[PDB]
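S.K.: Listed below are the residues making up each chain.
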Amino acid sequence: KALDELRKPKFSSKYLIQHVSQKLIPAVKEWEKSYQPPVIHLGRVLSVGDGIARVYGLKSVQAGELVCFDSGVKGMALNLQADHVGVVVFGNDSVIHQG
Amino acid sequence: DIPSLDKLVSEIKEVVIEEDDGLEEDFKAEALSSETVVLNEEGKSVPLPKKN
Numbered sequence: 043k044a045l046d047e048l049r050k051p052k053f054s055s056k057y058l059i060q061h062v063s064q065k066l067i068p069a070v071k072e073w074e075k076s077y078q079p080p081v082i083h084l085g086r087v088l089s090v091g092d093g094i095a096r097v098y099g100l101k102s103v104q105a106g107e108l109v110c111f112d113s114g115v116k117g118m119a120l121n122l123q124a125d126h127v128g129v130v131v132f133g134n135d136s137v138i139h140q141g
Numbered sequence: 523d524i525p526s527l528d529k530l531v532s533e534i535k536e537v538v539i540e541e542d543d544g545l546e547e548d549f550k551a552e553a554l555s556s557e558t559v560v561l562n563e564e565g566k567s568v569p570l571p572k573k574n
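Order-wise, the sequence lines are chains V and Z.
Numbering-wise (the authors' numbering), the first sequence opens with residue 43 and increments by one.
Numbering-wise (the authors' numbering), the second sequence opens with residue 523 and increments by one.
Honestly, the hints are just simulated from the structure, not real lab data.
Where a beta carbon is used, it is the ideal one built from N, C-alpha and C, also for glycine.
Keep in mind that a hint or two might mislead.
What the hints assert, rightly or not - Derived pair list, reagent style DSS-like, types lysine-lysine, alpha-carbon separation capped at 30 angstroms:
#	chain 1	residue 1	chain 2	residue 2
1	Z	550	V	116
2	V	71	Z	573
3	Z	529	V	75
4	V	56	V	75
5	V	101	Z	573
6	V	65	V	101
7	V	116	Z	566
8	V	116	Z	572
9	V	116	Z	573
10	V	65	Z	566
11	Z	566	Z	550
12	Z	572	V	75
13	Z	573	V	75
14	V	65	V	75
15	Z	572	V	101
16	V	101	Z	566
17	V	65	Z	550
Claimed, not checked - Cβ-to-Cβ under 10 angstroms is the rule here; a few derived chain V residues that face chain Z:
#	residue
18	82
19	83
20	84
21	102
22	109
23	110
24	112
25	113
26	114
27	116
28	133
29	137
To be verified - Computed footprint of chain V on chain Z; a stretch qualifies when at least three of its residues, placed anywhere within it, have a C-beta under 8 angstroms from a C-beta of chain V:
#	region
30	555 to 562
31	566 to 574
Just need the whole structure built from these sequences, with the hints factored in.
M.R.: Encoded structure:
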C-alpha cells in the first residue's frame, strides 16, 4: 500500500496554522481588500505566559532588539526562531494577550 | 637628622580643590521621549498607537 507513506504527517513547524491562515482567508472572495495583518515590522502574540511572549511575524527584528507591545509594556526580542520570535517581557505579562 | 613637625605642614604644596567636579561642561545631551517610539509598517519611528 502506497497510502501508508502519508500516514503520519511530518511537520517541519509548529505554527503551521498561522501560515495557512495567511493564504486561506484571502481566498474568501469578500476578503482581498487588505484584510491582512502585517508581518515585517509588526507582530502578533501567539503565546503569553511566565513573562515570555512568542510573537508571530516581526520579520525584520534584530537579535536583542527592544520591542513594544500595544499594551505599553516593552520587551526584548531574544530568540529569533525560524517561524516566531521569543520575546522576554520587561514587566508583567498579565496585560499581554494572544493576538 | 629630622626637621620639626610644625614646619613640615607648610612644606607641602596645597593642591586646589574645585568642588564643581567638571561633569556637564562637555556633555552633549539628548532629549528623552517620555512616550514609546515604535515603527509602523513603513519603518517610520511613530508614537505607539492608542489602540490597545
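S.K.: None of the hints should be skipped; say for each whether it holds.
M.R.: Each hint, compared with the structure:
1. 550/Z - 116/V: OK: residue 550/Z and residue 116/V at ~27 angstroms, within 30 angstroms.
2. 71/V - 573/Z: Holds: residue 71/V and residue 573/Z sit about 28 angstroms apart, inside 30 angstroms.
3. 529/Z - 75/V: 94 angstroms, violated
4. 56/V - 75/V: 29 angstroms, holds
5. 101/V - 573/Z: This hinted pair holds, its Cα atoms lying about 22 angstroms apart.
6. 65/V - 101/V: 17 angstroms, holds
7. 116/V - 566/Z: 18 angstroms, holds
8. 116/V - 572/Z: 15 angstroms, holds
9. 116/V - 573/Z: 15 angstroms, holds
10. 65/V - 566/Z: 27 angstroms, holds
11. 566/Z - 550/Z: Within the cut-off at roughly 25 angstroms; holds.
12. 572/Z - 75/V: Holds: residue 572/Z and residue 75/V sit about 24 angstroms apart, inside 30 angstroms.
13. 573/Z - 75/V: 21 angstroms, holds
14. 65/V - 75/V: 14 angstroms, holds
15. 572/Z - 101/V: It holds: about 23 angstroms lies between the C-alpha atoms, which stays within 30 angstroms.
16. 101/V - 566/Z: 16 angstroms, holds
17. 65/V - 550/Z: 51 angstroms, violated
18. 82: 6 angstroms, holds
19. 83: Holds: closest Cβ of chain Z sits about 5 angstroms from residue 83/V, inside 10 angstroms.
20. 84: 7 angstroms, holds
21. 102: This interface hint holds because 8 angstroms falls under the 10 angstroms limit.
22. 109: 8 angstroms, holds
23. 110: Hint on residue 110/V: holds, closest Cβ of chain Z at ~5 angstroms, below 10 angstroms.
24. 112: With a closest approach of 6 angstroms, the residue 112/V hint holds.
25. 113: 6 angstroms, holds
26. 114: It holds, given that the least Cβ distance between residue 114/V and chain Z is near 7 angstroms, below 10 angstroms.
27. 116: 7 angstroms, holds
28. 133: 12 angstroms, violated
29. 137: Since the shortest Cβ distance to chain Z is 9 angstroms, the answer is holds.
30. 555 to 562: With 4 residues closer than 8 angstroms to chain V, the region 555 to 562 of chain Z meets the three-residue bar; holds.
31. 566 to 574: holds (count 4)
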